[PDB]
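Between the sequences and the hints, there should be enough to build the whole structure, so can you do that?
Given next are the chains, with one letter for each unit.
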Amino acid sequence: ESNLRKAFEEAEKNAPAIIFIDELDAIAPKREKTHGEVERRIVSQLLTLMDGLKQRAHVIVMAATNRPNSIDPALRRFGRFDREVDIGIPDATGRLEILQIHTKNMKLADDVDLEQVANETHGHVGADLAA
Amino acid sequence: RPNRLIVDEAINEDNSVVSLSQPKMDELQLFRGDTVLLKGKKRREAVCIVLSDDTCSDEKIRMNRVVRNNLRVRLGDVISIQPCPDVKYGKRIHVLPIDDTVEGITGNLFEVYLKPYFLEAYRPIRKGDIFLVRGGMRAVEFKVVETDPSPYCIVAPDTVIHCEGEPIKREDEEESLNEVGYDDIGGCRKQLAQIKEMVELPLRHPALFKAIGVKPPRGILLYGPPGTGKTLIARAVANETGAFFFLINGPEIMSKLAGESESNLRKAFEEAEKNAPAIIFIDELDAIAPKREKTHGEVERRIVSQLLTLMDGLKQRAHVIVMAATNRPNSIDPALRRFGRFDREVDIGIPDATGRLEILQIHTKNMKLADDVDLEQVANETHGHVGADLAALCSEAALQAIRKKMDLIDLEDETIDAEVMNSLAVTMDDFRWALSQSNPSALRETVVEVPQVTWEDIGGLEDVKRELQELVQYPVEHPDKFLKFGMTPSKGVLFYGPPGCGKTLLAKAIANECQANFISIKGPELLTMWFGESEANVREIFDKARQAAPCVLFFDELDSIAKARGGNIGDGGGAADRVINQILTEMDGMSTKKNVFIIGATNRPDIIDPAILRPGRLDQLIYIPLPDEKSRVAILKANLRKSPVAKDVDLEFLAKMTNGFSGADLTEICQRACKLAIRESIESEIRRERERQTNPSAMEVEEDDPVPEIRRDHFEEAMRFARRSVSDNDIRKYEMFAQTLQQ
Amino acid sequence: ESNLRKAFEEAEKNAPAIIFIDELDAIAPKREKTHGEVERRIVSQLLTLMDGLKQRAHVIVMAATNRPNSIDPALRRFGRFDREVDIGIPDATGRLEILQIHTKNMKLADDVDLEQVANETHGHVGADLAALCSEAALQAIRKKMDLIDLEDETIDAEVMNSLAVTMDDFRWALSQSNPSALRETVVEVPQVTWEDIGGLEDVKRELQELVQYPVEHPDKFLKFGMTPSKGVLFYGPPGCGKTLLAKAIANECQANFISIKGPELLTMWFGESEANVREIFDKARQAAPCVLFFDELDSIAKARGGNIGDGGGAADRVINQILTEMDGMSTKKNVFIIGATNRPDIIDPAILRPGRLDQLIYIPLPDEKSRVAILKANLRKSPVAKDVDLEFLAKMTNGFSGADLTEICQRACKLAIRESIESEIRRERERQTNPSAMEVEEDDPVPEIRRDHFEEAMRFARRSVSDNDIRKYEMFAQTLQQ
Ligand SMILES: Nc1ncnc2c1ncn2[C@@H]1O[C@H](COP(=O)(O)OP(=O)(O)O)[C@@H](O)[C@H]1O
Ligand SMILES: Nc1ncnc2c1ncn2[C@@H]1O[C@H](COP(=O)(O)OP(=O)(O)O)[C@@H](O)[C@H]1O
Ligand SMILES: Nc1ncnc2c1ncn2[C@@H]1O[C@H](COP(=O)(O)OP(=O)(O)O)[C@@H](O)[C@H]1O
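Protein chains in written order, with PDB author numbering: chain A, 283 to 413; chain F, 22 to 764; chain E, 283 to 764.
Here are a few chain F residues that face chain A, going by a calculated C-beta distance under 10 Å:
| no. | residue |
| --- | --- |
| 1 | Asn270 |
| 2 | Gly271 |
| 3 | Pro272 |
| 4 | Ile274 |
| 5 | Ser276 |
| 6 | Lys277 |
| 7 | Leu278 |
| 8 | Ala308 |
| 9 | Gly318 |
| 10 | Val320 |
| 11 | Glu321 |
| 12 | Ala409 |
| 13 | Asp410 |
| 14 | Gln458 |
| 15 | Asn460 |
Using 30 Å as the maximum straight-line C-alpha spacing, the simulated DSS-like pairs for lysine-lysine come out as follows:
| no. | chain 1 | residue 1 | chain 2 | residue 2 |
| --- | --- | --- | --- | --- |
| 16 | E | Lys425 | F | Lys211 |
| 17 | A | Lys312 | F | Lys315 |
| 18 | E | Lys425 | F | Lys614 |
| 19 | A | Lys336 | F | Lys164 |
| 20 | F | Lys312 | A | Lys312 |
| 21 | F | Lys614 | E | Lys658 |
| 22 | F | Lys543 | F | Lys211 |
| 23 | A | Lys336 | F | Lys425 |
| 24 | E | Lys543 | F | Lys614 |
| 25 | F | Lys584 | E | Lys543 |
| 26 | E | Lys663 | F | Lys512 |
| 27 | A | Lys315 | F | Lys312 |
None of these hints come from the bench; they were simulated from the model. Heads up, the beta-carbon is just placed ideally off N, CA and C, and yes, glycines get one too.
What follows is the structure in structure tokens.
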């Protein structure tokens, strides 16, 4: 817990900041999935820190999760995570755009048709087109 | 003495009015326009003007917040109305603001706050007072720090206002006018008249309860959905009666350390014990005191049993009221609802359509709306919003109106000029934009309200109308005759008749007539907990009806569960009894003191189990017939509440062509006929708009051609194809059952 | 644990004491409900202290628990909590006694009838009638607030002795009160008398022949190895008064009456274990003598009868439970069993066995003479229908069930209510023309019930029980008879 309490501390004395809590469902799972006691201390240490924002320097806090079902439902009230944005997998014309970003540095020969590679690779996400 | 009265809050602001009864000024040698001197505690004086009031009593004086604060009094105290109409004109005034209200404003405050405030008002002012000015976007309060001649002076058209200087630091003896009060709650008129009647006496005058020797309240439990304004009722009550509101929170008690959480509760009650009549608010009770079987550890059993022993330790001493707020009153440990503990329970439901309008007029009081926004329209189309959501909608409509004006304020300075702020205005376009990206939070929740359906909304069937009027109004409006005789008024009524004849409309209309709440439980909802989920659900729905007396409970499609039993297997026949068995188990337990009316609708009267029909329960059988011809001139008329005036439509001619129909299908024929008319107007204007491609704004200017008119020649074309829902086998199946019940 | 050890220390060195352990089920719950270890330490710390009470000082220890099921069964052996006393909720005449205790200090005015407030507040416990008396004084001082407005810290005595409490305040305090008992098994002596029912004097005698003397004259039963019948089954057409007979006899012998309805039987018929049958009989044991009543006991059998009846395996569960702990009755305790059913063909022959309920008393349709008496009993409210000539009532409407006769008059009075409503509706709208032109004081025609409405009300009658139903009972009656 003392790592969370000193994580929001620096963001309060360091100008308009943005805090990013990655893999939220690893530290704030569903209440019925919490069996022990130290994993009910982390969640309630996170909840009391969100409500303590006294119109601060506009410390925006964003979190990333895989499935909005698994997040503890207490993190949906007002004053907490309320605005939700959906980042879906790229479509057939999206995947052509990821290719032209990563291959920008490389020196392609004049025989590669990236459109052909774009429309064939259904099932890939942004990270697989970087490998 | 004919001077000391009681005070009460105001409605029409106006920081310089007090309301007095006509005889009071008549016997107190007072006249119109006479300035009066008011004197109260701490030897403070405030100068005001008096005026008549239509409904003011002799011993009560109505005045707003600002005048009360200056006198340093509270609700229900005594004041001196000593009159003196002699004030010499002031020569030069020095008015300066308070520090923590003009943060990053600057500009000339005189010509945008004070100039429209003193203009043609002749306000009488006194040294040392405070007044509040509703600015263009904020609420800035000032403090008269010097006057000439001192201290009584009335602002005149020829004075010298010196609004220059650094703001005064906030003192220690004030109420901080920019804080919550009884006028900052809307849609909670009834509930705030119960928390106020059971709390003012122990907190305002404590000494009385010691002499009388009776038991004060020691716990109030407010429940409702989150965001409906529960912690604002506790903060409003503490700020006006005079108390020591000390909030303890749910989450930060549960997450302090190991066994040190209990030492936070033990020393939280200590301040409330040695700091005058206090009020403690335990927010989110269900986070620290859940059911016994959800407590899987041991340190969650230590906190609960530490909360119980502190509540039982409150025996007299100082008066300490402890309120708690919980979402669902089923999740709280059932050992807390005993006596000497949380016993009085208040319900704060979601606001209704006339409530959502009042939340709007509270949050938008500061802003300056343009003259095209009709708050009635925004109020009635936002069903599913709680009080906290409408406070975000009124904020998004402001950010958008400044988003489209950022050029005037391009980077400005650290402080934004007050002239541009007063130039802003929000329109209906912004509000429609703020509603789009808004997610209401109530949605799926049982709504309790008085439906607006009137008697005229249903055509015919007046014989049933008188019958149902007998069983509802007279047993509750004229009880003395029923007090005589061992009469048992019917506790239920059953409807059976052909489908789509308007059974639900009859139940709705009665609730509107008697002005009682309406609760509807549908068929598919009734089979929701029929399988798997326990029968615990069927309990609170009766407690929900019980607390909201008077009410008219409604069961829709009662025979749905029996139909599932009928089949190739029907393995749920005993399961189908589970929901049924709970229904009779929780229907014979109602008392006559509370009134609850149960109405059940069905369409297969031969398939209902005989157990349901029995004396003492819902037993009056009423057969709703199919509308008989002439009735359709009232059913089809009930769909002409739109504007389908089809020239010489001759509804009498339209009445005779319709023969042997039902009530639901007739509504469809009006909708189906209109749909063709709507489409036909489209091909018109499509023809009209493509004709404009030749003549540029010369021949064709939309000269009332397409226009909503609705035509007779379009009405009958849809009628050629219509599905007669009058099944000969089905209607015969009901009538011989009607005769069987008749004979 | 060191708090319990130092709690019994004073009682052992401070004279004859008495210890009271409130809310015992919070520290000694059932074994399976104990999951941790620190809550298995407290229980075994309480058990080793009770066994150490060997003479020395005379320390009695009582404990209060809500439900004896939830107490850990280890606290039932000898040398531990063994004597058990049951404090039930007050009855209709009990609640009048709680009122006169708490209102002793107050100064009631000469208009409050405490008996009226006592009999209409069913569902309240002792503690709840103490709040009702408190808010009837707070309301009656809130209305005199002007005389004692603020005043000072000390209140004069005369302004207190000028107070009074009326019925209005008591009626006001009743509205905002939530009784806490409600859904609880009500057991007490019913007030129904023999005369409340008409006819069936042959069965009226027979019930007295089966229950009354086997407990008042047991010396003659000591001679002969008689095993007096422990159960009686009533069967007949539905709505004929079986429940009335069982209520009346309990009043005649002055024994507690415990009723079990059909839906209650189906509550634990599914899913829930058969521990619900445990204390249902155990309530009867402690409250001896008592007349247990089983109503619609063939409902479980009827549920089995159907398209599938997959509850047949569940059906034998309850019948086994009833049969298991009903042949175990002892002749020392006086617990009497009575059953009622309207479909005697479906009940399994198993319960129809010697040693169990075996007397099958057939309740017939009401007799012609009885139909006259049934009318008079239910119409003892105030039906003065001038020259009614009620002897007409029975003869024209022959062959009617008992429950139907009660219904037909309830509707008849229902229309009579309407006529009186329009009677004063006409008067009040006629009063709009004459302003207070009443030399004599009269407001209503003072219920002047006529006779003409009764025959008009008879028009909507119903032949519910038909020839088909009555034939089945008689042929089964002849089956038993021959
Ligand atoms: N009249 C009202 N009724 C309900 N809510 C209101 C009203 N006026 C304002 N509100 C908003 O409701 C919110 C209640 O505060 P909050 O603690 O967030 O919710 P809750 O009180 O339900 O826990 C406040 O932020 C306030 O802005
Ligand atoms: N005065 C009326 N008489 C007959 N039917 C009507 C009347 N007003 C509306 N209706 C039709 O009755 C329908 C309502 O049906 P409802 O009674 O709720 O269904 P159910 O009979 O299955 O409960 C509406 O769709 C409407 O078209
Ligand atoms: N002497 C009587 N004989 C038959 N029925 C009576 C008599 N007195 C009253 N009744 C009516 O008959 C009904 C029978 O109900 P009850 O005896 O409680 O159960 P059941 O319907 O199983 O007999 C009662 O509601 C009562 O109103």
